Amino acid sequence: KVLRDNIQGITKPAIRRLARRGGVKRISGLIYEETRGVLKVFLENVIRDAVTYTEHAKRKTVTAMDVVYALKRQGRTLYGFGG
Amino acid sequence: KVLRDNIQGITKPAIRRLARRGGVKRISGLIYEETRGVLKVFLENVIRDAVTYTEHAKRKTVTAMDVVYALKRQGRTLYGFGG
Amino acid sequence: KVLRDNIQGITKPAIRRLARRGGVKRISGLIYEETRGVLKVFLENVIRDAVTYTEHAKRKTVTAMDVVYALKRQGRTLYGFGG
Amino acid sequence: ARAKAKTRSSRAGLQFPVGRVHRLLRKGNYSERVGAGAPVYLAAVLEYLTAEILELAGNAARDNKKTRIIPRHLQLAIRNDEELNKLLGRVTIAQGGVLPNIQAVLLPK
Amino acid sequence: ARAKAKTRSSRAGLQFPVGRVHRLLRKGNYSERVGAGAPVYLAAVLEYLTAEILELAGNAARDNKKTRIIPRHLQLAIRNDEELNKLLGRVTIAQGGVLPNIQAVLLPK
Amino acid sequence: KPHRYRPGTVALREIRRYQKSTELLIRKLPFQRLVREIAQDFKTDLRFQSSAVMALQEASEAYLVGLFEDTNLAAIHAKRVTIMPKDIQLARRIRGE
Amino acid sequence: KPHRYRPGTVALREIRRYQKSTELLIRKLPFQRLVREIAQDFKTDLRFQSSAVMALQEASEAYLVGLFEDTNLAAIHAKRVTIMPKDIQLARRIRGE
Amino acid sequence: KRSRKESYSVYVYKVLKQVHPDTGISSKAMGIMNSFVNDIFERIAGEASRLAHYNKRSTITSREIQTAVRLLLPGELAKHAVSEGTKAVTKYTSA
Amino acid sequence: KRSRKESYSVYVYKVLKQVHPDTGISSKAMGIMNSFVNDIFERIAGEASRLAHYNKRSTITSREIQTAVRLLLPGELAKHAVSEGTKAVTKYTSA
Amino acid sequence: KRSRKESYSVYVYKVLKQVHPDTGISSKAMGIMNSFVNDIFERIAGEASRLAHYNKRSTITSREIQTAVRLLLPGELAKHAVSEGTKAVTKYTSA
DNA sequence: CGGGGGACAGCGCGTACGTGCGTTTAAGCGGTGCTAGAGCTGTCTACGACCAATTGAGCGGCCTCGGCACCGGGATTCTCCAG
DNA sequence: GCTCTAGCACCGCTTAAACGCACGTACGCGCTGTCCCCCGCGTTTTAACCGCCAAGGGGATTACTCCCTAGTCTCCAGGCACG
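Chains as they are written, first to last, in the authors' numbering: chain P, 20 to 102; chain F, 20 to 102; chain L, 20 to 102; chain M, 10 to 118; chain G, 10 to 118; chain O, 37 to 133; chain K, 37 to 133; chain H, 30 to 124; chain N, 30 to 124; chain R, 30 to 124.
Just so you know, not all the hints are guaranteed correct.
Derived SDA-like pairs: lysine to any residue, alpha-carbon spacing no greater than 20 Å straight-line [said to hold, decoys possible]:
id, chain 1, residue 1, chain 2, residue 2
1, N, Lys108, M, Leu96
2, P, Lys91, R, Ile54
3, L, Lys91, N, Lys85
4, M, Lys75, M, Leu108
Please keep in mind that the hints were generated in silico from the structure rather than gathered at the bench.
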């Protein structure tokens, strides 16, 4: 039921694919755990907000509408699921 | 289906005969490519006018009538096919 | 009445004192030109905004209230002038 | 004996509604009263922006010899344009990816 | 007892006169029938032409810092554009002079 | 001898392929497991719309490609091409957090 | 020989003195006249109270100085103590202009 | 007593103020614009008449000038003009 | 049937039929356009509200949005937007 | 005859004397406090307005501005503000 | 596993502001008159907001075919290799 | 439309700012060695993806009924203007 380690579920070659989308040619070996950490920290930054809207809505299920609202609160407005 | 080079079908010796009609006695190699180029430019203008006629005629086959019409508009009126 | 080139009125030692508040030890001689340029860019943006505010208000004198409104818009909110 | 219901958007000669835009201004709670020029003006600027970006989207699609617009074409269309980029710097397009913007020294010689 | 007068230019949102061009096509004697969209189409075309050239002429007048348009501004405006050059190659402009056109060999050194 | 491409050539081919590509670069179900895990850190037994998982996915990868674009600029700033943790720390400190 | 410090010691004293300092770093009159220069560049016959000139002043040192903390973080990233313009426009680009 | 001579006065003035409110007019430039609009009008009108003769239609519709403006007007100028006229005629049919 | 989820659907298709008759629309691109119109409308409406509070105005007409377009949209797009918005409000006054 | 200007003058002075009875205050610091109160009040009001927009609530409630405190105010000051606000509304409704 | 690419420090080498100190001048500091317009007050009218009705375009749902997703083979290009 | 007040305009001293030159020292960085570390590719594993099926939590909707909240009349009292 409870999950303990899925930050390693975002695999190192998947991070390599992301960095190729970011245009990175050479990636250091210490990069990948740090990317896991910063994506992790960004997920607290997003999801505390998203859970905060969700508990304002007296709901239990996370919706993409609140995801859009949380991302646009931080000035990283996401097109493609609003409306 | 589609064709990618028939500009060269108006060949180098064919361009040589055409300039032999004009009286040109010596022709360097650099002339021929620009002659096919300006051939493409002129015939492109004429066929633009012609297909604009033809689409305005609501037909799908070009006749010589709209050809001599377009040659009239461009200013190189052709005798022999009017009417 | 009209002026041409008062942008050097923000003198080079003023920029040096600014970078000393910014904690820059060594300031190259190349630096002062783009500091004046970016200062021109930022003030051009801010005064464009402020002039738009004042011209909306049908006045001819810029208030500091409109200045701090322009700083609210562009994301450099300033405290202490009646905002 | 009432007059025929003719649309305010065609009174603007435009397509984005005066009606919907005026309704979301009134119910978006931005002012107590809203002038009549407000929704027509704002619908006009949205129609200008929409026409411009779908022009660039159509040209991007025909450049990739494809017929139907895709968010790849949209994202390409946005960051060819400097003032659109300055407008939409902090906005991320769904499924758009990144336009090829490759820095020179990491390219091979 | 009568409908209020609305010009066709206001119906199309143009400010060139639709009725004037319709009259001048009737009495220019080009066909015995003219479709209704033809003169407003032509007036819109000339609207785009005149708007384009008055953008160019006003910009040129600002570039020589003069407030009023002059045929010199017009002649710079036409001759600094390629497609207007093809459109008006055989056109004489009164007091417009000639575009500043010096050949490379005419320069010293 | 089996043919072997030089180091960096396949990297540039991956760059060109993935800039041309538009699809997702993360396996979707381990991502969903991770976001359910971190949601459980803040509120127990939350449920996720699959579209909400996709939205968190695309926002997250957009955030990551923005940060990596910043760190590429930081790496070419530092006369280097191998990106380092100091580049990521620099990019985050410049961006204001 | 007369009294003279090594390079940087007077610079450190300058840095310490003007981080401690709260008074204004730039001159008043050329700043006001430059504001007027930009003003009549946009609309003629535009006037300013002294408080508005102070406000644009405060905004100028805030913006410029903030660019200098961003800039010398870039400079220490590049292992250098001397800053160069590329630090400034790269910092402006990372900020998201 | 004088007879009125028709021109394109107020239309060129209004379109200039719509594109440049702060730019003035000289009268010789105004004559140049009068001659421009007359010249381009007669070009399009004569080409339209020739098309009506040519396809043996007794009428000139919007489609005839659509044809004629890819005939005379070039390219992007022509396609912008086609778009302007298309939105103009949709507004006209809507009114 | 379900409740209507309001959108900008038919408007984006008709403006595309004005600007490009032959190309098609995907649902993802249409969602992008919906979120774009939502974002730009939200920005302009919020800044109009800001100017309403700032000049102690309970009234928001086209002049404040002209102010806001001059604020937000940079330069070329700003003056373009002012041009067709002024044409739109003039045809609104002429009905 | 001059007009009254609304400020936070004696209120901030009172809470200053509550937290530090023996200290003084400058007018420049008072401008800083007045703009600070205005800015934080505006941030909370804007996020509360957006939250009411998102969940279709036509009223501003203490629950959703508490939500806004969790949003804008970070970390430990957030739960201190929650304690302060819940205590305040407790002794308010008991009053 | 293998390997080539990258990173980075020592040495050196040319370099460029930092800083000490005299000068200028014009900003800084104190002083005076006027009016532009900033701001406050009275009028009112343009103007916008709300409600019954009514309709008409806009949206939910379904179905179709063909542009596009999926599939397969040779060329061209990139690159690398060997000549 | 009025008015009144601080900005605009003009005036007169005062060395601080600026500035410029000159000595001096540190600064960046390229070559090149040197060391090292991660990409490319091959191989192996394994659960991701697919695709297929059961089940129920709650999202969303409709209704009900009651909690609440702006508005207004009015009254008074503490914050702002003023000193």
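Quick rundown of the hints versus the structure:
| no. | hint | in the structure |
| --- | --- | --- |
| 1 | N:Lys108 with M:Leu96 | holds (15 Å) |
| 2 | P:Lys91 with R:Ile54 | violated (39 Å) |
| 3 | L:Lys91 with N:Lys85 | holds (17 Å) |
| 4 | M:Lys75 with M:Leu108 | holds (17 Å) |
Hint compliance for this structure: hint 2 alone is broken.
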